[PDB]
Amino acid sequence: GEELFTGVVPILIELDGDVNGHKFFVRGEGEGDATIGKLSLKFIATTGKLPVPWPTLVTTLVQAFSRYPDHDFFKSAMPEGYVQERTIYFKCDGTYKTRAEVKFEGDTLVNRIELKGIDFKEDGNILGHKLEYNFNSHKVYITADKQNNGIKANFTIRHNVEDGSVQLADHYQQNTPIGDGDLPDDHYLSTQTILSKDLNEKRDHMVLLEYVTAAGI
Amino acid sequence: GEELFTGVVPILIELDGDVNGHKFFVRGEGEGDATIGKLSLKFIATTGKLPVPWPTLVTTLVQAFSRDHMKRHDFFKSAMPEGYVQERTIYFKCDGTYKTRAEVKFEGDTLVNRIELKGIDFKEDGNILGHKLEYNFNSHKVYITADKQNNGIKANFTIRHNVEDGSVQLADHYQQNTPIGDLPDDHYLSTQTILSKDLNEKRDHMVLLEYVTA
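Residue numbers (the deposited numbering), protein chains in the order written: chain A, 4 to 64, 68 to 76, 81 to 191, 194 to 229; chain B, 4 to 64, 68 to 73, 76 to 190, 195 to 226.
Same shape as in the complex, but just chain A:
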């Protein structure tokens, strides 16, 4: 299981989404190296202009590539993979329900996701496209969910807003393996991300670079 990540691994991410009746599809190609814990990805909105701003999609688009010094549920579940479901509540605004399957298809790692968006405001921060094009790092506390034989998590993302205010997204997360199963003691995952664009790509896109680690306490 852990053996799979001892080198650069190719990554494919597919997102099929419906938000407030807006359908969009996002496809991503990239590499991930677990040893350094590095993600490099490029995302394309195949459907045309994204109905939602890119930073909101960042959390839902492979924590299996985290770098552990001296418990890795995500890598252990491989290659059968794990299922990740989230309910993301946007403060004073709509909500995301997502389900994803993260697993190996051949030599590459595939993330297949379905996202449904409800109750969003026309001319809210989300549908108004009022969020700043960046993502700010926070530690994520992970707990063992014995009932699902999986990890549970709760955290809030702070999205910067063009006017200078902040849009809060409250995340509830569950991950469970697909085959026959090892739950890790409490730990933090720290993800740091940079968002940029390719100058030669005419399509609506996001270039994402990530460093993912883990800690105790």
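Hints were generated in silico from the structure; no laboratory data involved. Take the hints with a grain of salt, since some may be wrong.
Sample of chain B residues with no beta-carbon within 12 Å of chain A, all distances over it, derived [unchecked claim]:
1. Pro56
2. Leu64
3. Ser86
4. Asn164
5. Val171
6. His199
The calculated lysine-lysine pairs, modelled on DSSO-like cross-linking and capped at a C-alpha distance of 27 Å, are [unchecked claim]:
7. B:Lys41 / B:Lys79
8. A:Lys85 / A:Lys162
9. A:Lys126 / B:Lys131
10. B:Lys140 / B:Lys79
11. B:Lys45 / B:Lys113
12. A:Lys101 / B:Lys41
13. B:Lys101 / A:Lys126
14. A:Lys131 / B:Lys107
15. B:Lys101 / A:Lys140
16. A:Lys140 / B:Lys107
17. A:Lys107 / B:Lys131
18. B:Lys126 / B:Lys140
19. A:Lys107 / B:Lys101
20. A:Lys131 / B:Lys131
21. B:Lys113 / A:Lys131
22. B:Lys101 / A:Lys101
23. A:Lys140 / B:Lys156
24. B:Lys162 / A:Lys140
25. A:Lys101 / B:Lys107
26. A:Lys162 / A:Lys52
27. A:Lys209 / A:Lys52
28. A:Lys131 / B:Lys140
29. A:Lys131 / B:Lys101
30. B:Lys131 / A:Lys101
31. A:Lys140 / B:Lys126
32. B:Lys126 / A:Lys131
33. B:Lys131 / A:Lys140
34. B:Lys26 / B:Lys214
35. A:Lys131 / B:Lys26
36. B:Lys45 / A:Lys140
37. B:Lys126 / B:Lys52
Facing chain A, from chain B, some residues (calculated, C-beta under 10 Å) [said to hold, decoys possible]:
38. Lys101
39. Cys102
40. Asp103
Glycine included, every Cβ here is placed at the ideal spot set by N, Cα and C.
Based on the hints, put chain B in the right spot on chain A.
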């Protein structure tokens, strides 16, 4: 126009408001002194109990009474006596919105503010319709910048409304002012307000004291 404000000026304010299909009327009588920049006003809800808490109406219910070196920047006294139109859109965070239009001009010796207010999307059992806001108003600086296209003042600012449980209700104001007849560099207006009641008034009312200085 500045000439009119050299003495105490009588003030009449009329508000026509519809919030969530609740219709109400507010009439205000008072005096204003531009020299000290002081407003004294009393407001009565003729229609009966107000559907919304009084502090939400404070912003909507005359900046021409601002108080010096920046006198050239005084857009409001300028447009006078023909007057100016003030339009606002106030969004209450996690809650409804006010869209307002007003005309501020001189009718005879008195200064008149006549306003139309429409309120939409408010929650029953929200701070606004629930009447959960504290009866006070807290000073805020307001950043004012010119607007060449409109020949007028635009401004944006946020009000913090105290909430009985100890939370805060945020109201973000977007403002545009345009003259009616035939501009100021960036500056802010600071207003301090006191809300009180006349003990002898059985009607729903607000007694308002204000100082504006720029």
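Against the structure, the hints come out as follows:
1. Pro56: holds (20 Å)
2. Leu64: Given a closest Cβ separation of 26 Å, the condition holds.
3. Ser86: holds (29 Å)
4. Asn164: violated (8 Å)
5. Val171: At about 15 Å from chain A, B:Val171 clears the 12 Å cut-off, so the statement holds.
6. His199: Correct as stated: the minimum Cβ-Cβ distance to chain A is 20 Å, above 12 Å.
7. B:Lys41 / B:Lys79: holds (16 Å)
8. A:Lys85 / A:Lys162: holds (16 Å)
9. A:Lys126 / B:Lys131: The hint holds at about 25 Å.
10. B:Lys140 / B:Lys79: Distance ~40 Å between B:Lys140 and B:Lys79 Cα, so the pair is violated.
11. B:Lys45 / B:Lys113: holds (19 Å)
12. A:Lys101 / B:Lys41: violated (39 Å)
13. B:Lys101 / A:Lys126: holds (24 Å)
14. A:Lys131 / B:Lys107: holds (17 Å)
15. B:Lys101 / A:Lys140: holds (15 Å)
16. A:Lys140 / B:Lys107: holds (21 Å)
17. A:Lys107 / B:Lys131: holds (25 Å)
18. B:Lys126 / B:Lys140: Since the Cα atoms of B:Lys126 and B:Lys140 sit roughly 20 Å apart, the hinted pair holds (cutoff 27 Å).
19. A:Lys107 / B:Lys101: holds (23 Å)
20. A:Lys131 / B:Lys131: holds (15 Å)
21. B:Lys113 / A:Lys131: violated (37 Å)
22. B:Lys101 / A:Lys101: holds (10 Å)
23. A:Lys140 / B:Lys156: holds (25 Å)
24. B:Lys162 / A:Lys140: Satisfied, since the Cα-Cα distance of roughly 20 Å is no more than 27 Å.
25. A:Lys101 / B:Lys107: holds (23 Å)
26. A:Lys162 / A:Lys52: Cα-Cα ~33 Å, so violated.
27. A:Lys209 / A:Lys52: Since the Cα atoms of A:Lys209 and A:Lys52 sit roughly 14 Å apart, the hinted pair holds (cutoff 27 Å).
28. A:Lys131 / B:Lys140: holds (25 Å)
29. A:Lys131 / B:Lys101: Judged against 27 Å, a Cα distance of about 13 Å means the pair holds.
30. B:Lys131 / A:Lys101: holds (16 Å)
31. A:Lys140 / B:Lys126: Judged against 27 Å, a Cα distance of about 25 Å means the pair holds.
32. B:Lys126 / A:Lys131: Given that 27 Å is the threshold and the Cα spacing comes to 19 Å, the pair holds.
33. B:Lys131 / A:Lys140: holds (24 Å)
34. B:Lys26 / B:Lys214: Measuring from Cα to Cα gives roughly 20 Å; hence the hint holds.
35. A:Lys131 / B:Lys26: holds (26 Å)
36. B:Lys45 / A:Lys140: With a Cα-Cα distance of about 40 Å, the restraint between B:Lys45 and A:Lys140 is violated, given a limit of 27 Å.
37. B:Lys126 / B:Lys52: holds (17 Å)
38. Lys101: With Cβ-Cβ at 6 Å, under 10 Å, it holds.
39. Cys102: holds (4 Å)
40. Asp103: Constraint on B:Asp103 satisfied, holds at 8 Å.
In summary, the structure is inconsistent with hints 4, 10, 12, 21, 26, 36 from the numbered list given earlier, while agreeing with the others.
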